[PDB]
Amino acid sequence: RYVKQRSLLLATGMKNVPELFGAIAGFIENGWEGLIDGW
Amino acid sequence: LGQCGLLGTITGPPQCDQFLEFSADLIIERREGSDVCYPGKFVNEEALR
Amino acid sequence: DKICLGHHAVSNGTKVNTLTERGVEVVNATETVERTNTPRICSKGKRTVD
Amino acid sequence: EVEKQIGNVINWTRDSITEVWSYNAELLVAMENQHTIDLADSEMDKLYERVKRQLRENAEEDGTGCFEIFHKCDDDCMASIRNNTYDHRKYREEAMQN
Amino acid sequence: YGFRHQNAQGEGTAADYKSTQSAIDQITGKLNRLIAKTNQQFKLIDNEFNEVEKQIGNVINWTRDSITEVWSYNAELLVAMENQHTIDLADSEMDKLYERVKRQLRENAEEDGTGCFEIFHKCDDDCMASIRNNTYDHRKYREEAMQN
Ligand SMILES: *[C@@H]1O[C@H](CO)[C@@H](O)[C@H](O)[C@H]1NC(C)=O
Ligand SMILES: *[C@@H]1O[C@H](CO)[C@@H](O)[C@H](O)[C@H]1NC(C)=O
Ligand SMILES: *[C@@H]1O[C@H](CO)[C@@H](O)[C@H](O)[C@H]1NC(C)=O
Ligand SMILES: *[C@@H]1O[C@H](CO)[C@@H](O)[C@H](O)[C@H]1NC(C)=O
Ligand SMILES: *[C@@H]1O[C@H](CO)[C@@H](O)[C@H](O)[C@H]1NC(C)=O
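Protein chains in written order, with the working numbering: chain A, 1 to 39; chain B, 1 to 49; chain C, 1 to 50; chain D, 1 to 98; chain E, 1 to 148.
These are calculated hints, taken from the structure and not from any lab test. Among the clues, some could well be false.
With a Cα cut of at most 30 Å, we get these calculated DSSO-like pairs of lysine-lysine [claimed, not checked]:
no.	chain 1	residue 1	chain 2	residue 2
1	E	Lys54	B	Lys41
2	E	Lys54	A	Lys15
3	E	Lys18	E	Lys122
4	C	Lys2	D	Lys90
5	D	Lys52	E	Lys96
6	D	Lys52	D	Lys72
7	E	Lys18	C	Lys2
8	E	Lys140	E	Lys96
9	E	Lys18	E	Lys96
10	E	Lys96	D	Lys46
11	C	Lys15	D	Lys72
12	C	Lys2	D	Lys72
13	D	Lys46	C	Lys2
14	A	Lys15	C	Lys2
15	A	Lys15	D	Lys46
16	C	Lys15	A	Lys15
17	D	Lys4	E	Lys102
18	E	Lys122	C	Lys15
19	A	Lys15	E	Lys37
20	A	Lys15	E	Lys18
21	B	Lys41	E	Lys43
22	C	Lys15	E	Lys18
23	E	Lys102	D	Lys52
24	A	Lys4	C	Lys15
25	A	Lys4	E	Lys43
26	D	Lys52	E	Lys140
27	E	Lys37	A	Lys4
28	D	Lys4	E	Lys54
29	E	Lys102	D	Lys72
30	D	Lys4	B	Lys41
31	C	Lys2	E	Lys30
32	C	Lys2	D	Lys52
33	E	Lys18	A	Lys4
34	D	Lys46	E	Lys102
35	E	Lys102	C	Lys2
The task is simple: from the sequences and hints, build the whole structure.
Dropping the structure here:
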């Protein structure tokens, strides 16, 4: 279908923290590169 | 265009005489705008308007 | 005693459009609008008359 | 050159249809960003809800996401909560005094 | 939001700082994406003074009504999420406050039911100036909070 705008997107997962309940950087406020398989 | 009708600007009936060669970014036409003076109509006139 | 924890992180995310915000740090995206045509009439499998 | 009046109607209908599909384009994306946040949230409580159940009188809740084990724990003890083989009846006489 | 302490000195309704204005910050964001940008120009397909032909005029009216029914349908769906998008911000501050208050005072509370912490030690005004602005020493007062 024809459209006017020239880019529209998606994701796979997490909003990113550099080192709707508040879990990504919450009281666990931080991230990793410690484990490397999952999130 | 007031009492001029917008298809009269290429014919010039006697109320479009101040309008024959206008130049506008907004044309305005009125309910009392009669496109003609001699009674008649333009064929396929909504393509022309 | 104390056995501490967290979760992962990565070092580059990119923009998106929400309802209420512009340009977040989100890891991926892909275009939903294709811009790149194939500049040739691809007619395998159809008998074709140019 | 299709005729001007229908050509106007076609262009007006195509533009109107264009305005509809383009309007619909930008609403589909905003939920998928939302549909990714919850999965971190629904795992965050999942981990939170798991860790307070397998070790019963053996913790106080933290603020950093880290439990303080109320008894001695070496590597053979590390192999009990990680793979669902912890005996939370056997170590409770000594975790009350710690 | 709010901060409130009360003691044997006085009574006060204060503010607790690290999110208290931030109810502008996603609240400023909703509204221009919503009060959006219209840029397409629409011409004059039909005439209100004299009579486009009936068949195309029916097609125009049917197409305009059909388009009208689409835009009117789309009108009433945009609003219902924004009511939802306001409830979460009270919720995401409610746990934020809840998650803050159990961390700065460690062995100094039992959780309430009314949203009120019972401080396990003596606290006057100089003690009120410790948790409110992130200057509380939760190592120093713990020998006496275990006995209370
Ligand atoms: C993101 O999308 C790209 C698209 O090609 C894919 O190759 C990649 O595996 C995805 N994930 C990450 C973490 O980059
Ligand atoms: C309809 O719009 C196109 C642009 O996509 C333009 O080239 C064409 O001349 C228009 N047709 C009429 C009849 O105005
Ligand atoms: C941990 O659990 C797995 C099954 O999930 C089991 O096979 C294994 O023997 C357990 N212990 C260790 C030390 O891996
Ligand atoms: C189209 O609907 C309008 C009402 O908006 C009406 O005045 C007009 O007569 C209709 N046109 C035809 C050709 O039926
Ligand atoms: C509270 O914190 C502020 C900074 O946020 C600091 O300047 C001030 O000295 C502290 N104490 C009092 C009593 O305001």
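If you draw a straight line from the CA of E/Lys96 to the CA of D/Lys46, is it 30 Å or shorter? This hinted pair holds, its Cα atoms lying about 19 Å apart.
Regarding the pair C/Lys2 and D/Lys90, is the alpha-carbon distance no greater than 30 Å? Between C/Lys2 and D/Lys90 the Cα gap is close to 20 Å, so the pair holds against 30 Å.
30 Å Cα cutoff - pair D/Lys4, E/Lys102: With a Cα-Cα distance of about 72 Å, the restraint between D/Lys4 and E/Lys102 is violated, given a limit of 30 Å.
Regarding the pair A/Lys15 and C/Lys2, is the alpha-carbon distance no greater than 30 Å? holds (28 Å)
For the pair supplied as a hint, B/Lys41 and E/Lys43, is the alpha-carbon distance within the 30 Å limit? holds (22 Å)
Restraint check for E/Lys54 with B/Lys41, where alpha carbons must lie at most 30 Å apart: Distance of about 18 Å is within 30 Å: holds.
Can you confirm whether the C-alpha distance between D/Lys46 and E/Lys102 stays at or below 30 Å? holds (20 Å)
For the pair supplied as a hint, E/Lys18 and A/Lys4, is the alpha-carbon distance within the 30 Å limit? violated (42 Å)
Between the alpha carbons of E/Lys37 and A/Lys4, is the straight-line distance 30 Å or under? Satisfied, since the Cα-Cα distance of roughly 13 Å is no more than 30 Å.
Does the alpha-carbon distance linking A/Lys15 and E/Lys37 stay inside the 30 Å limit? Judged against 30 Å, a Cα distance of about 27 Å means the pair holds.
Measure nothing beyond the straight line between the CA atoms of D/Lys52 and D/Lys72; if it is 30 Å or shorter, mark the hint as holding. holds (18 Å)
Check whether the Cα positions of D/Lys52 and E/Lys140 lie no farther apart than 30 Å. Within the cut-off at roughly 28 Å; holds.
Violation of the numbered hints given earlier is confined to hints 2, 11, 17, 18, 31, 33; the remaining hints are satisfied by the structure.
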